[PDB]
Amino acid sequence: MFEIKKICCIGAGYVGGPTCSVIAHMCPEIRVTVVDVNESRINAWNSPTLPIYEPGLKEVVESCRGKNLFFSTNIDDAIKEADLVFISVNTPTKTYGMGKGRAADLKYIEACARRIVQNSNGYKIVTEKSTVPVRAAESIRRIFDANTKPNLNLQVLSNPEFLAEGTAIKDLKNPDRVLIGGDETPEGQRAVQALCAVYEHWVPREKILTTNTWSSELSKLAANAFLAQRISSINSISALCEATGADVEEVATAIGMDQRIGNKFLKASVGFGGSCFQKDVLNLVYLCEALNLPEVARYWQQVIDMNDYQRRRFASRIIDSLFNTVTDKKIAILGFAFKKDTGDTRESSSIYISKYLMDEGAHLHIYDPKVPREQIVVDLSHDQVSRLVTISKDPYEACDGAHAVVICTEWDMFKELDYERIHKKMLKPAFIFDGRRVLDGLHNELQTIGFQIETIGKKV
Amino acid sequence: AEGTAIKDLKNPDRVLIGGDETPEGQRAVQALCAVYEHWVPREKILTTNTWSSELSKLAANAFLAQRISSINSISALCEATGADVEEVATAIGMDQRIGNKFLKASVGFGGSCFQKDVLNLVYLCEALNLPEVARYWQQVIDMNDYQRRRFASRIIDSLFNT
Amino acid sequence: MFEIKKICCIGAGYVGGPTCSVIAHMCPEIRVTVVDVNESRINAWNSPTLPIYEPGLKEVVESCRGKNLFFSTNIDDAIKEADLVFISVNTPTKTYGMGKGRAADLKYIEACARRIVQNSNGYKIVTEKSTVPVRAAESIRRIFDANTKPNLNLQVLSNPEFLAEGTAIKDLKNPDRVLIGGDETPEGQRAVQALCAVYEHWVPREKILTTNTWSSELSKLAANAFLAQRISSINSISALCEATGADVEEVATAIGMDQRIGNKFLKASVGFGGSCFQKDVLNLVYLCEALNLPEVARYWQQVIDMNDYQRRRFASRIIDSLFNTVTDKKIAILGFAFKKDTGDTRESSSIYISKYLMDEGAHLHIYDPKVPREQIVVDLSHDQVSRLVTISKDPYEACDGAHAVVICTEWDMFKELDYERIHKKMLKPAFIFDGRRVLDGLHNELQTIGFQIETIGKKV
Ligand SMILES: O=c1ccn([C@@H]2O[C@H](COP(=O)(O)OP(=O)(O)O[C@H]3O[C@H](CO)[C@@H](O)[C@H](O)[C@H]3O)[C@@H](O)[C@H]2O)c(=O)[nH]1
Ligand SMILES: O=c1ccn([C@@H]2O[C@H](COP(=O)(O)OP(=O)(O)O[C@H]3O[C@H](CO)[C@@H](O)[C@H](O)[C@H]3O)[C@@H](O)[C@H]2O)c(=O)[nH]1
Ligand SMILES: O=c1ccn([C@@H]2O[C@H](COP(=O)(O)OP(=O)(O)O[C@H]3O[C@H](CO)[C@@H](O)[C@H](O)[C@H]3O)[C@@H](O)[C@H]2O)c(=O)[nH]1
Numbered sequence: 008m009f010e011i012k013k014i015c016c017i018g019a020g021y022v023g024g025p026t027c028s029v030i031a032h033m034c035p036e037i038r039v040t041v042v043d044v045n046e047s048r049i050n051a052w053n054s055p056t057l058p059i060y061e062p063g064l065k066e067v068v069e070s071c072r073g074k075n076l077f078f079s080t081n082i083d084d085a086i087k088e089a090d091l092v093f094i095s096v097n098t099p100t101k102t103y104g105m106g107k108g109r110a111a112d113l114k115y116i117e118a119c120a121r122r123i124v125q126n127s128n129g130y131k132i133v134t135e136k137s138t139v140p141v142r143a144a145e146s147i148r149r150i151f152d153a154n155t156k157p158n159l160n161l162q163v164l165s166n167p168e169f170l171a172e173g174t175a176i177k178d179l180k181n182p183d184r185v186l187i188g189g190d191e192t193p194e195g196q197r198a199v200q201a202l203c204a205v206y207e208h209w210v211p212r213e214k215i216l217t218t219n220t221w222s223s224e225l226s227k228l229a230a231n232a233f234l235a236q237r238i239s240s241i242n243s244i245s246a247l248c249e250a251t252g253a254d255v256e257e258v259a260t261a262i263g264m265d266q267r268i269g270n271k272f273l274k275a276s277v278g279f280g281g282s283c284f285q286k287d288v289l290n291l292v293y294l295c296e297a298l299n300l301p302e303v304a305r306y307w308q309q310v311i312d313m314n315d316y317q318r319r320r321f322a323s324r325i326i327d328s329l330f331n332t333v334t335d336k337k338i339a340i341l342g343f344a345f346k347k348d349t350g351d352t353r354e355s356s357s358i359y360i361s362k363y364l365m366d367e368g369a370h371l372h373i374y375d376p377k378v379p380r381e382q383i384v385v386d387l388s389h390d391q392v393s394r395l396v397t398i399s400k401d402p403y404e405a406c407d408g409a410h411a412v413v414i415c416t417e418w419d420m421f422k423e424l425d426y427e428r429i430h431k432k433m434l435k436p437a438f439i440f441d442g443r444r445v446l447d448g449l450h451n452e453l454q455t456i457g458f459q460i461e462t463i464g465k466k467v
Numbered sequence: 028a029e030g031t032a033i034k035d036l037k038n039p040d041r042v043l044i045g046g047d048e049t050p051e052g053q054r055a056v057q058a059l060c061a062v063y064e065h066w067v068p069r070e071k072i073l074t075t076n077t078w079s080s081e082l083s084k085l086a087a088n089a090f091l092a093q094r095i096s097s098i099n100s101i102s103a104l105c106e107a108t109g110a111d112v113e114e115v116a117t118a119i120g121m122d123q124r125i126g127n128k129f130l131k132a133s134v135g136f137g138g139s140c141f142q143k144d145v146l147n148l149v150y151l152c153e154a155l156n157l158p159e160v161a162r163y164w165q166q167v168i169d170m171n172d173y174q175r176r177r178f179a180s181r182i183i184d185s186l187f188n189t
Numbered sequence: 008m009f010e011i012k013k014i015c016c017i018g019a020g021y022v023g024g025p026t027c028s029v030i031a032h033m034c035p036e037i038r039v040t041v042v043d044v045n046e047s048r049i050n051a052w053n054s055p056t057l058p059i060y061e062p063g064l065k066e067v068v069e070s071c072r073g074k075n076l077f078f079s080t081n082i083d084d085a086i087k088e089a090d091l092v093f094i095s096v097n098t099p100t101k102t103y104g105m106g107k108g109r110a111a112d113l114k115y116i117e118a119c120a121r122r123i124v125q126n127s128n129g130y131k132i133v134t135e136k137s138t139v140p141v142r143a144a145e146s147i148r149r150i151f152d153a154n155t156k157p158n159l160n161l162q163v164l165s166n167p168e169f170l171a172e173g174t175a176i177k178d179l180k181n182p183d184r185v186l187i188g189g190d191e192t193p194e195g196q197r198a199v200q201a202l203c204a205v206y207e208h209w210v211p212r213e214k215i216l217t218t219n220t221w222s223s224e225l226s227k228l229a230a231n232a233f234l235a236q237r238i239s240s241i242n243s244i245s246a247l248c249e250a251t252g253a254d255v256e257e258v259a260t261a262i263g264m265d266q267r268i269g270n271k272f273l274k275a276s277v278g279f280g281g282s283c284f285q286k287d288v289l290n291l292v293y294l295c296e297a298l299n300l301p302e303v304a305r306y307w308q309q310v311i312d313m314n315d316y317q318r319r320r321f322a323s324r325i326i327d328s329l330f331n332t333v334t335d336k337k338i339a340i341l342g343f344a345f346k347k348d349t350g351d352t353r354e355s356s357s358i359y360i361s362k363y364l365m366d367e368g369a370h371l372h373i374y375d376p377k378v379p380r381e382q383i384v385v386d387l388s389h390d391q392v393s394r395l396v397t398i399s400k401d402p403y404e405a406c407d408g409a410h411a412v413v414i415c416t417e418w419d420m421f422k423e424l425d426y427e428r429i430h431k432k433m434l435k436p437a438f439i440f441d442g443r444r445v446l447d448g449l450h451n452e453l454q455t456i457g458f459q460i461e462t463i464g465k466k467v
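As they're listed, the protein sequences go chains A, B and C.
Sequential numbering of the first sequence, starting at 8, is according to this note's numbering.
Sequential numbering of the second sequence, starting at 28, is according to this note's numbering.
Sequential numbering of the third sequence, starting at 8, is according to this note's numbering.
There's no promise every hint is true.
Below, simulated DSSO-like cross-link-like pairs (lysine-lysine); rule was C-alpha separation at most 30 Å, straight line [claimed, not checked]: (1) C:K156 - C:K74; (2) A:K337 - A:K422; (3) B:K131 - C:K74; (4) C:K107 - C:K74; (5) C:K177 - B:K128; (6) C:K13 - C:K180; (7) A:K156 - A:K13; (8) C:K274 - B:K71; (9) B:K71 - C:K271; (10) C:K362 - C:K422; (11) C:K214 - B:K128; (12) C:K274 - B:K84; (13) C:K214 - C:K180; (14) A:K337 - A:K214; (15) C:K274 - C:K180; (16) B:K37 - C:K271; (17) B:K71 - C:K422; (18) B:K84 - C:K271; (19) C:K274 - B:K131; (20) C:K400 - C:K65.
No lab work stands behind these hints: they were computed from the structure.
Using the sequences plus the hints, can you model the full thing?
As structure tokens, then:
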């Protein structure tokens with residue numbers, strides 16, 4: 008039996024970082040090196056404050072860094088030395104050309120493949136580990152099939168990651184299932200077994216699914232789409248609730264007790280964010296079009312268009328409540344991260360909402376406990392940002408003289424705020440726009456304070 | 028044709044002279060006719076009126092361009108079904124009523140003629156209230172656009188779309 | 008070295024009859040039996056007057072019928088006793104279901120296949136022989152693959168006939184090329200060689216093209232469409248001639264002198280007919296739609312649309328020239344066959360011109376030299392045929408008392424008609440609509456006679 012003794016992971020991001028830190032923690036007798044071109048990101052991994060916020064991540068890293076888990080920019084030597092090589096890079100969507108704005112760019116995957124071949128001899132297992140794998144494993148394989156050395160035997164595997172940011176550690180420590188794709192050769196099932204034995208250190212065997220490379224990638228795509236679909240479906244219902252005086256939260260509860268539907272992912276919101284769902288459905292639509300499946304394409308397209316509609320519907324409500332003129336009005340934006348417990352803003356609903364108010368010439372004051380100030384200004388760019396955007400150091404500086412408070416992220420702190428204090432120094436009418444349903448049950452207090460609280464999935 | 032101009036001029040298939048159907052006229056056509064008679068045999072010189080000459084040219088270039096586009100369309104169909112357009116072009120070409128010339132499938136036709144010529148024929152037909160005829164010849168340009176674009180996509184595709 | 012001694016042909020049509028008759032004539036020592044379900048048709052092939060009209064066929068057929076060539080209707084024994092079996096039946100366009108009015112119905116090709124399997128043992132070569140082969144060869148093989156007997160070895164070849172009705176004998180005696188398709192196996196190439204040897208009795212080696220089954224059918228589909236395209240291209244130009252004042256016969260000559268284009272199939276007409284051209288193009292469009300090639304389907308569609316327009320334009324001119332009514336007006340239709348020297352009416356533009364005029368209330372008088380009376384009545388209906396349609400025994404009958412004469416078929420004899428006699432008895436002004444250009448050079452004669460002679464590709 009082949010035993011993985013040394014692991015190398017190209018990509019030290021939200022996926023590779025936490026994944027390898029867990030692998031190393033659960034597997035003391037196997038050396039894990041995480042590598043990356045980003046010198047800044049690598050140094051942070053080796054420091055007291057990590058480059059990404061993720062609850063419980065620190066304690067995991069600090070228990071095996073320097074012992075068992077390593078972070079290096081020396082990508083060559085880590086590739087040369089390893090039995091398993093994870094490729095966990097990002098695939099940004101093409102900004103030009105055919106597929107512009109929709110299809111994923113595989114250049115970094117391709118580049119990594121080329122670099123593996125350069126720095127590899129003998130047997131190595133190369134596993135593609137991403138959140139939205141788009142023809143990835145086949146791209147790697149195509150590089151490996153075309154650039155061969157003597158005694159170079161590289162096996163390509165697919166191993167899509169299911170963790171969700173904010174809950175990475177729990178998800179990795181206790182996953183619903185691990186999925187591994189690998190060719191139906193004996194060569195083949197041997198490489199699959201090797202990685203399968205790595206997971207077996209902490210994942211029960213019954214939760215490890217092994218299939219072929221494509222079926223693996225297509226499963227990931229669909230699972231992602233199904234998840235995005237639940238949020239878009241409930242958000243569609245939220246529109247319908249506001250229009251008819253019912254409550255989306257009660258509706259959602261009645262929906263979710265049907266054990267066939269389930270009660271997860273039915274929290275209506277301003278719209279789904281994150282570097283996964285949109286990228287995922289857009290690539291699924293693209294694939295379908297490429298395969299002459301206009302019907303399938305058309306069906307999944309609805310998940311994005313519903314998300315897009317949810318965002319504009321919510322922005323429009325804010326503008327509306329402000330007599331359709333927000334020029335030179337102070338408005339607090341509470342929460343920027345796409346999700347609570349993360350510093351990640353990729354495709355965050357907060358970016359879109361902010362831009363819609365920007366176009367209306369609002370003076371925005373953005374607060375987020377974890378998103379770095381610099382990131383916020385990059386996200387809201389390409390002179391207009393200098394005019395309209397201020398980054399508040401605490402929420403109260405944000406609502407000091409604001410016309411409206413816009414809650415976009417379900418940080419638990421936003422429930423704890425002193426709404427007595429905030430209302431006293433706001434210009435009236437004072438609006439709170441709750442895009443997360445965080446302030447549910449506080450409605451009566453807020454109304455008797457003097458707010459006019461508007462939330463999604465419920466209108467008076 | 029450019030690239031074989033000297034051959035084509037020394038030994039043309041036909042020469043085409045359009046003049047007014049007056050006697051003034053036919054005297055003008057004969058003089059020019061007599062310039063070409065220096066190397067061109069008399070039964071290779073066609074004499075007609077002005078417009079009948081200009082329409083025949085337009086048609087003539089349109090008919091050739093259509094040849095390329097038709098075989099190009101077949102090329103697409105071959106790629107979808109595992110045949111060879113060169114083998115098909117042979118079988119088609121051997122029919123003496125079709126002719127074997129100008130059936131070489133390609134990335135698409137170029138030249139200062141064909142595209143300008145077809146689009147003009149279209150425009151004329153639209154002006155004369157013949158939308159049926161316009162739509163017909165417009166398919167020669169559209170197929171050519173398609174062939175080029177299909178070729179461009181295959182390159183991009185094969186390089187992982189990046 | 009397998010040699011063919013006994014040939015059975017299923018289909019005693021315009022393809023099957025003439026083809027096998029020539030094969031019999033050119034190859035004395037090989038017995039050729041032609042079979043059909045249609046008793047009437049077979050009795051006729053055995054009698055003094057044949058079921059179809061084809062210049063020269065009478066001599067070919069009577070020189071070897073009963074020596075070497077037979078007609079049977081006993082399909083079962085002919086199949087059983089044969090080395091090579093042609094399938095030359097018709098494939099009507101579907102009248103219902105998906106592909107209605109466009110796609111070819113393979114119900115006869117399949118039923119044939121099925122009967123061969125029932126009556127066959129040992130080795131036999133089965134060749135599909137048609138004008139428009141649409142997935143023919145595959146269908147057969149699909150039937151044979153699934154219905155195997157012990158020691159049955161059936162080979163499927165493709166062999167599209169290029170004969171043109173009217174000149175069938177000449178074409179079969181001296182074809183431009185012969186096209187045989189068979190599997191690129193050795194089983195295989197041997198059946199192709201054995202059919203190749205049939206033709207090598209009168210067709211030289213380098214005129215016989217041998218490719219694979221599908222290539223062969225695609226080659227025929229394409230060739231038919233290219234020829235159809237020439238007719239439509241010149242017909243389009245004819246429309247342009249009429250609005251601008253030039254001559255399509257003259258413009259066609261200028262075109263034809265270009266050896267790259269060639270001077271054949273540049274005769275403008277009322278609209279191409281026959282069981283081939285339209286069926287071929289519609290099936291090419293349908294195939295393309297099924298392979299997701301909209302652009303290619305859109306391209307060849309124009310060949311049909313243009314032909315339709317040619318027919319419709321010519322018709323409008325007739326009603327236009329007769330003061331926009333033909334109600335209770337006598338009109339002569341000269342020529343009903345799709346082309347000259349044949350009895351065949353399938354898809355004839357005469358059928359269309361006649362119907363269009365009847366819908367406007369014209370009392371028509373039809374004459375054709377070789378089309379049977381009964382055929383004309385079928386074609387023209389689906390009772391209104393009782394009121395409006397008379398069938399004339401000679402041209403001069405059709406013309407006596409008539410307001411107009413429409414020529415739809417380029418019969419040679421039409422040039423030779425006595426026009427002084429025809430004018431004398433017509434109602435004035437008398438019109439001649441030449442939809443075939445057969446009366447060029449006769450213009451002056453006919454105008455001076457007093458006619459108003461309107462022809463396609465030239466306007467007054
Ligand atoms: O009922 C819900 C559920 C989620 N969200 C939002 O959905 C987005 C995505 O959230 P979440 O799925 O928790 O975070 P991700 O990091 O995107 O994780 C998902 O995306 C990963 C990438 O595909 C998958 O691997 C995980 O399995 C899947 O949970 C966020 O903007 C959430 O605010 C809400 O709108 N309502
Ligand atoms: O089988 C072929 C033949 C040509 N081409 C292409 O078609 C374009 C035009 O070809 P060609 O006709 O040889 O060049 P031209 O100089 O445009 O000449 C044509 O056009 C002239 C008007 O420009 C006419 O006068 C000529 O008679 C006619 O041959 C070129 O890009 C060729 O490569 C093909 O793709 N396939
Ligand atoms: O210059 C022309 C030539 C033909 N036609 C018309 O088009 C029709 C078809 O004529 P033709 O092609 O000779 O008769 P087919 O029996 O259909 O034969 C053609 O189609 C056959 C299959 O049907 C092929 O096998 C032959 O190769 C091909 O010549 C007739 O109605 C003609 O009047 C024109 O209008 N103008």
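- Task: Would you pick out the hints that fail for this structure and give their numbers low to high?
- Result: Result: hints 1, 3, 4, 14 break, sorted rising.
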